[PDB]
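What follows is a single chain, given as structure tokens, in the form deposited in one PDB entry.
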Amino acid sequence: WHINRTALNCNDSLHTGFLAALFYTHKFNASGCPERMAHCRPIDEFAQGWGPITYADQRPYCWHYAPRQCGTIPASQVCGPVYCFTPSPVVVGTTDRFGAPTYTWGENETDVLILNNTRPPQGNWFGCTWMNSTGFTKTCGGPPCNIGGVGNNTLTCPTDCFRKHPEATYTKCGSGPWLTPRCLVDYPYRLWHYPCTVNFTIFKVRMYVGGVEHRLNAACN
């Protein structure tokens, strides 16, 4: 069945316990979250941009993480389901290198996750998020936007940054599940991939992309 298309190459070699949340979830230790979250800056600390927008390092829990465009990733490096965001959340499963779905839990060395993304409406999704084998959240998408501006607090925008550039909307710059610097798409594995969002509030929202209406739940802070 289609659960067999989940790459399940998981190895808790760092002794964190992270595989528990794939089952008996609700045990997260949020003590280190304030230190991790202090590395994320509110949008107001970035420089205003202007001029024509063109297309362009870690901590994927910050909204302003600037990802690389999605490609094809070996299934041996993935643990659990891959979610991509249209912005509505969709699951991408294992295939062979030619795109035929495969049903061996990603254990075959030819198995891959073809995440190659082109922004909707002409494409498939804005970005993707998954967990790698040792429990680190990985994300890809966009590519994010260079909005101009001067100084060392210049913003590569991977979400809706309207306040810093009028044209840097999510349709233009979205690169993953961050709808705005304060909101990310809610989905069954959000708490596993983004555990420090545990206390975010859940809002019913609507987004329009090329005139297609998306009704989704957003988790906001």
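Numbering follows the first chain given and starts at 1. We call the rigid core whatever largest set of C-alpha positions still superposes within 1.5 Å between the two forms. Only residues modelled in both forms are compared. First, how it differs from the form deposited in another entry.
Relative to the superposed core, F203 undergoes a Cα shift smaller than 2 Å between these two forms. Relative to the superposed core, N11 undergoes a Cα shift smaller than 2 Å between these two forms. After superposing the rigid core, the C-alpha of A38 moves by less than 2 Å between these two forms. Taking the core as reference, several blocks of three or more adjacent residues between these two forms have all their Cα positions offset by 2 Å or more: 13 to 15, 23 to 31.
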Second form
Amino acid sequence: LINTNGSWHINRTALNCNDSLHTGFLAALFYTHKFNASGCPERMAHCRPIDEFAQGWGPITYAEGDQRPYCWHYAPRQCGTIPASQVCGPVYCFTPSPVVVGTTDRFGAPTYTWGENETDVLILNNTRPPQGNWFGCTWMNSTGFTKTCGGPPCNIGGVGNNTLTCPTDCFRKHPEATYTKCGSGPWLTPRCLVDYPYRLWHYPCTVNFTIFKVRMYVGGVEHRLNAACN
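Output the structure of the form deposited in another entry; the preceding block shows the form deposited in one PDB entry.
Nothing else is written out below except the one chain.
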């Protein structure tokens, strides 16, 4: 079949992709170096820096949340099982590290038919680690739109129209808003996200970001992981 030396053409990848509008996203699915960064200037303006958000106080409570995940502060919806019909390409999930979830039947069994059977699903249901699986996940809509689930994210309190829901490490804004409590996806801090192959695709405005080796702890254990920051 079609081969580009790897990372996305495996029996367990849901290749249910509709580029009827001819918006070139299939080139990105097939070449990791291909991204579409048009419209990134506008989109980034709506994303806010952490200082502009209200400070947080009291206990932290969990929250349930929109349409675009490009911002570090997007409040993901908690993960569930999604039908393979609605996914194009690989689905990446973040331990904090990048890990790939493949197509399965409704009972966790591995299925090898490129998400073509209607039984085929992506079971992305999450409990935060260490006693769990991953903090969040990110894939592509069958029509080329990035989709992120994760959490449940964090309410840190605060008052105003500037109040913040933390899906990352927000220790400045609240000392208990640490990734191990509040992480809900690939955003390690407000300024950094986990580096994986289809990151230029899923998050195309991180293209000028620089890659660093970063170090973090989850529940007192250490992960050394490459991530992109700017």
